[PDB]
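Colleague: Residues per chain are reported as follows:
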Amino acid sequence: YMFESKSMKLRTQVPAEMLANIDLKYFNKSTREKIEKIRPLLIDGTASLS
Amino acid sequence: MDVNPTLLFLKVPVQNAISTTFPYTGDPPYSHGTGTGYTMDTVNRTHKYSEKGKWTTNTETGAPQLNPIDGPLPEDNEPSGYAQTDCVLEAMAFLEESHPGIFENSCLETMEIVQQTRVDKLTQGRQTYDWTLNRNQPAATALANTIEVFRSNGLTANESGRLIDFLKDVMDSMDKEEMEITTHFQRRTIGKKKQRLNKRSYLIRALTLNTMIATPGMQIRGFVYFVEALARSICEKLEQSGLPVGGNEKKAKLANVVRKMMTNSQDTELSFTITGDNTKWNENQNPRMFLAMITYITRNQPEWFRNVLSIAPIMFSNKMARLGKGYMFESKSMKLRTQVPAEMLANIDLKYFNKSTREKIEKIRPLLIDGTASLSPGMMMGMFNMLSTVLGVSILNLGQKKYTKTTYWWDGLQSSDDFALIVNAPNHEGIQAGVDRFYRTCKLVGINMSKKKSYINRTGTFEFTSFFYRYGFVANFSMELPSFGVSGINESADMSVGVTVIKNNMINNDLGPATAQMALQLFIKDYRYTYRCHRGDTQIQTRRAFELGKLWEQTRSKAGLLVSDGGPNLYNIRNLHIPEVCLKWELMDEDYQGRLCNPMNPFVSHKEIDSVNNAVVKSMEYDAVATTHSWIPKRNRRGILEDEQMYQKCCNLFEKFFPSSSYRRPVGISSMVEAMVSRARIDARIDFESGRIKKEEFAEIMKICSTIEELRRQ
Amino acid sequence: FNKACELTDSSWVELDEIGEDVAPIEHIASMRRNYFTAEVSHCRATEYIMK
Ligand SMILES: [Mg+2]
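Protein chains in written order, with the entry's author numbering: chain E, 355 to 404; chain B, 1 to 187, 203 to 227, 241 to 645, 653 to 672, 680 to 756; chain A, 411 to 461.
Same shape as in the complex, but just chain E:
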């Protein structure tokens, strides 16, 4: 994912390996809802889909 702060005019990128344990305040309503739904599957930065 890519985050940007307009106030300080800064840009940063976060990998998927750190998406399992990270705050949900950065994301919007739909994205945070999707993260909530898919949280219990991410094993070693890789979801499980049987």
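Simulated from the structure, these hints should not be mistaken for laboratory data.
Every residue gets a Cβ at the ideal spot worked out from N, C-alpha and C, and that includes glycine.
Among the clues, some could well be false.
As the list claims (entries may be wrong) - Derived CB-CB ranges, DEER-like: (1) A:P434 / E:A370: 27 to 35 Å; (2) E:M362 / B:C625: 35 to 43 Å; (3) B:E104 / A:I438: 49 to 57 Å; (4) B:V12 / E:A401: 47 to 55 Å; (5) B:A93 / A:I438: 53 to 61 Å; (6) B:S19 / A:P434: 26 to 34 Å; (7) A:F411 / B:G33: 22 to 30 Å; (8) A:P434 / B:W666: 57 to 65 Å; (9) A:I438 / B:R126: 38 to 46 Å; (10) B:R126 / A:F411: 34 to 42 Å.
Said to hold, decoys possible - List of simulated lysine to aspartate or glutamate pairs, DMTMM-like, C-alpha gap at most 25 Å: (11) B:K531 / A:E416; (12) B:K207 / B:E148; (13) B:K586 / A:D426; (14) B:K586 / A:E449; (15) B:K471 / B:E457; (16) E:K363 / A:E436; (17) B:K635 / B:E697; (18) B:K553 / A:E457; (19) B:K379 / B:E390; (20) B:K578 / A:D426; (21) B:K553 / A:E449; (22) B:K52 / B:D27; (23) B:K612 / B:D565; (24) E:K360 / A:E427; (25) A:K461 / B:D554; (26) B:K531 / A:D431; (27) B:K531 / A:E457; (28) B:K480 / B:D305; (29) B:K121 / B:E636; (30) E:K379 / A:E457; (31) B:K168 / B:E180; (32) B:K612 / A:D426; (33) B:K553 / A:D426; (34) B:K612 / A:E436; (35) E:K363 / A:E457; (36) B:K11 / A:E416; (37) E:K379 / A:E436; (38) B:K288 / B:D445; (39) B:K121 / B:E656; (40) A:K461 / B:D27.
Put chains B and A with the ligand on the given structure of chain E with help from the hints.
Modeller: Just chains B and A with the ligand now, with coordinates in the frame of chain E:
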């Protein structure tokens, strides 16, 4: 554990953390360290340093005088004022040789300044010893009183309106046989008083320094002013000088000199820097030395110019020092206190004074004339700073390798009080020889460097007038933190001045962003407290709170109201430069906008342009919108002038007929009264023509104007 | 002096308001100012100042 911040200098170098060695932020609230005893000590020590000179008797004041010039060579390291004229002349000759044409161009500029200047300039000085009333008085009032006395004594050259004319008037006065002083008794009934001063009494009064450090009378302001103009002109063209530059240029000068002396040093040359102060600057600067150097400077010049420049040192060389208020005597047996004026100190027994004061009086009695001590040698502070700087720069410039004839050579700055030498030489023996030669030459010229206050370290670090240099980093603490409180002009002026000073400190004084934000917060709190303009919402129960609350309950866009009307503060590092009324003009409510800016409000006052949107502290200028909050606060409050406000009364009623008089210096050949008369006649005629005036007013105005004409003709 | 350089139970400063930060440097300045204020918003010396 014990807190001991000095240990912090084991990690943070002293220069970096120098802010911690400056205790006060502002003026300490005691202002002590002056008195009559101090003047006695100064006179005694000045005559001590020069004691070995020749003793003479002045033919006019009859006072003894001392002449250390060309005295025997000093034999010890104690401060000596036994300067040699030949040596100072040779030093000035070399200085001219290494800077050809500097003296000449300085002389031309000084001639221009002499020609164009005006009398009223002397109303821009500090507290001045009015000889007429024999006491300290303001510069403006003192000048008015001296003009009145000269007019009553048949001296009206200054009426022309030129400073040199006032100097010629003083010339006429001091050769006068007697001076008549008139005074009024302002209650109960009013009377008159006349006093007569012989030649010697007035002469002594002219050459007096009231001590409160000391301030001379209007007699000796112009000559020192012109000599200062000359010295400033010479110094502006010198690189090694330290005046009259500001804060930003000082750093550049320091960096330039240090780089020049260090880089030019080869791999086989050793360099050193001596940060130094002068033992006693103004107590060893003989006026004769300055006269000799001015004579050399003004070689091949018009005689009038030479004499105008030479009067000041001549006047100073025979000057008198006053002894202040006097002494206080207290008796415990009857708890009885009395004041003994210094005048009778000449003829009072020596049993009421302690041992130290007894010694002071015993030493100063032979030099006491008419209650004033004759101090020929030495000088006072704040008058000949620039010429002394010129002499110091001359001796420094003497260090060029060509003059020394040997390997060692030196350079550096000089700001009169302090200095910073830099010496290059092959070996430490060379450094020692160079410093010895510099010291001996400074002694010969009559300059003593404070051996205790002066220390020498390899090049790279030093100090100079509170500017600390460390391996290229210069720290400025000459003035330290300014005053962030409300200056006290009015609401808008104080707000603008505070924001502007924060901004200027950020730009120049190296202040930080967070520091600026905190300063703004403190200033806004202080402003709100001082002017009783707390937020309309908040309850603080001041006198003004109710009306602010009503206003807040009335308006709609509460974000637009001014701080002084109960509005939020909207400043930041972003918009420190924007005047308040503009910064929130868009948000202002229509009715509040109309009322606040109604130009027919009775609370707005504007003075002459020189005092409009400008404040005197040095002076600074601020930007603000002339609103209802630009009011002016109430004023608080033996005189030669019968009516102290006659001139102010006269200038007023000129602004009425001619408003432009307030803006620009009006120019005209007609006398004033005829000017008002013509303007009034024209205005009344046109007013009648319009139809807003009837016949009776026209007849009255013309009768009055005719009567004024008859009154002025006769 | 040792008792002066130590903290207290309550806050002895109520510095007034400023304009909203917009510039990035304004934000850094606000951060630094708030950190310092929290550092010395309760210190004894601040009690002395207010009193
Ligand atoms: Mg020094």
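Colleague: Taking 25 Å as the top limit, are the C-alpha atoms of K121 (chain B) and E636 (chain B) close enough?
Modeller: The hint holds at about 17 Å.
Colleague: Would you mind confirming whether the straight-line C-alpha gap from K288 (chain B) to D445 (chain B) stays at or under 25 Å?
Modeller: Roughly 23 Å separates the two Cα atoms, so the pair holds.
Colleague: So the hint says 49 to 57 Å: do the beta-carbon atoms of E104 (chain B) and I438 (chain A) match that?
Modeller: With a Cβ separation near 55 Å, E104 (chain B) and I438 (chain A) satisfy 49 to 57 Å, so the hint holds.
Colleague: With a cut-off of 25 Å on the C-alpha distance, tell me whether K553 (chain B) and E457 (chain A) pass.
Modeller: With Cα atoms ~17 Å apart, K553 (chain B) and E457 (chain A) stay inside 25 Å; holds.
Colleague: Given the proposed pairing of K531 (chain B) with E416 (chain A), does the C-alpha separation stay at or below 25 Å?
Modeller: It is violated: about 33 Å lies between the C-alpha atoms, which goes past 25 Å.
Colleague: Falls inside 22 to 30 Å, the C-beta gap from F411 (chain A) to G33 (chain B)?
Modeller: 27 Å, holds
Colleague: Would the pair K586 (chain B) and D426 (chain A) pass a check requiring their Cα atoms to be no farther apart than 25 Å?
Modeller: 18 Å, holds
Colleague: Would you mind confirming whether the straight-line C-alpha gap from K586 (chain B) to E449 (chain A) stays at or under 25 Å?
Modeller: With a Cα-Cα distance of about 34 Å, the restraint between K586 (chain B) and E449 (chain A) is violated, given a limit of 25 Å.
Colleague: Taken at face value, is the distance from the CA of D426 (chain A) to the CA of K612 (chain B) at most 25 Å?
Modeller: 19 Å, holds
Colleague: Verify the CB-CB distance for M362 (chain E) and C625 (chain B) against the hinted window 35 to 43 Å.
Modeller: Once the Cβ atoms are compared, 39 Å apart, the range 35 to 43 Å for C625 (chain B) and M362 (chain E) holds.
Colleague: Keeping to a limit of 25 Å between CA atoms, is the pair of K168 (chain B) and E180 (chain B) held or broken?
Modeller: 19 Å, holds
Colleague: Starting from the hint 53 to 61 Å, judge whether the C-beta atoms of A93 (chain B) and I438 (chain A) obey it.
Modeller: Given range 53 to 61 Å: holds, Cβ gap about 59 Å.
Violated hints, listed in ascending order, are 8, 11, 14, 22, 27, 30 and 35; each of the other numbered hints is respected by the structure.
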